[PDB]
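Quick heads-up: it's one chain on its own, the form solved without the named molecule, in structure tokens.
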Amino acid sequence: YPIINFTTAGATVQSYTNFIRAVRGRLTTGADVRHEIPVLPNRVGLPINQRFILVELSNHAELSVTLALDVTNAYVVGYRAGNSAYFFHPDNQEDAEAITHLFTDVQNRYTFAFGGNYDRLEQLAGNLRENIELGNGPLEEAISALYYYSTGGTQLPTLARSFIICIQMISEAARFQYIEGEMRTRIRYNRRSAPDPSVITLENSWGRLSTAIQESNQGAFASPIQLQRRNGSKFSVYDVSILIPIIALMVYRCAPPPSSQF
């Protein structure tokens, strides 16, 4: 599987931007672009050799971990640190089979009994996303925490917190230019901060936004989607147009309707 490298060591806006762009480039082809917004490959009939990408994360502490991302949804399905690999509890038998194709040379393979969704990870972390700081420092620390899990150095709440950091700074940033921008800001000033309601509501709405765009009538939503601004106030989305600078990738929901051209 293709590997994309990022390091927190001396990270800049440019090096992070290069990284996120490269992740997007490995997640998607140019085959499926709707209202200027790329769609991830359809799960249905996707060959196993095209199913995953690998994100090799290094830090200033000279430690490396490799995340495995599912190309169908940019989901972090598990990770490798040295001679151990850990996978989140699969949703189904097909996904369970799929992950057997990841880190095949690794000495120790584990599947967590828990799923990798935010709700579960927040429960285990003892903190919600809104109270978990993001930025280069948190990511540096997250890489170390993932690295030391197999040897007993990392408590489960810290591991869960560290997953939450990685997921948002990689997968969510890939999904949303807006979230990429929010991480760029944190990196630029080297100041960690928890995600505000604009970030949280985008994350929570990714599936619904993807479906609404794909089901839209020439871009127009049948039902508006409510997001939140930075201050927590409501922002109503009626149309794909407003989302073009915000959403970089969509999960596949359906084949697009025939070209609507007059």
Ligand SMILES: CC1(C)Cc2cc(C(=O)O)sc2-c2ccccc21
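Heads up, when I say rigid core I mean the largest set of C-alphas that superpose within 1.5 Å between the two forms. Only residues modelled in both forms are compared. Positions refer to the first chain, counted from 1. What changes on going to the form solved in complex with the named molecule:
Legend: core-fitted overlay between these two forms; highlighted is 33 to 35, the single run of at least 3 consecutive residues with CA shifts of 2 angstroms or more.
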Second form
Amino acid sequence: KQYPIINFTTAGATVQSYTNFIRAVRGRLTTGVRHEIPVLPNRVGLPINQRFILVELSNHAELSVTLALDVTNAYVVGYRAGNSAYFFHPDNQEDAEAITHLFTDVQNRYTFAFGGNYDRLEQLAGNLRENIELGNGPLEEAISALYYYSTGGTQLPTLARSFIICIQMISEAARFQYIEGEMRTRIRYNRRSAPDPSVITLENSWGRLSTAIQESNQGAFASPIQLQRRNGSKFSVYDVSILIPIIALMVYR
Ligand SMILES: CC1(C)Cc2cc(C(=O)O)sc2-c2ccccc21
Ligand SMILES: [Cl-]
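So the form solved without the named molecule is up there; where is the form solved in complex with the named molecule?
The next block holds the full complex; its first chain is the one shown before.
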């Protein structure tokens, strides 16, 4: 029994082909409703045969990697390249026991010393999110860099930067329609550009926005959380109705 697999390729990717890809990622993630915003499945009690989904990516050089996405928080937990599989360091032993059920066929299994969170990947990559280009070009380059890590051809700083690109255009593009729209604009005009402060702010606030929405009374927040306009200037929202077209998935709380 294999997990659900989603196929996307950067070779000739259009605005529509990438939209259908992200729309497919949201579908497999929200299989397990009534809420106006879909709520990701609960970690406790979730049987392992529905704990993950696989997102395989290819590029113009026909190089392929498969990313493993947890379904409770839509985060990449590891990836397989050829005959090897790589996993971030798990948070507890329950998650360490869950990851031995993916890629049960590879010959080489490795667990990194570090977690997959952004601030760690930015230290490893030697660059911040505001300095890492996003787009189809940066994604095609990442895919080649993920695989060639299995052959010793990619060093760790390039691998960490490649994770930052992939996590933003798959995981963050699923969570927020706003971020997916930002990626679709880069594909539309064939331009690579780093995320503006309105995007980093949403990525860091996903857990905090997931808090205020499920804990909202009639849709009103208890305390206002603050977002950023694209010019860096800040504001504050107080209810769910302004974020409905903005956020698509929420971790359970
Ligand atoms: C932060 C985010 C997602 C992005 C954004 C960027 C704006 C600008 O270009 O000034 S406004 C605005 C906005 C408004 C209402 C809810 C959410 C947002
Ligand atoms: Cl570490």
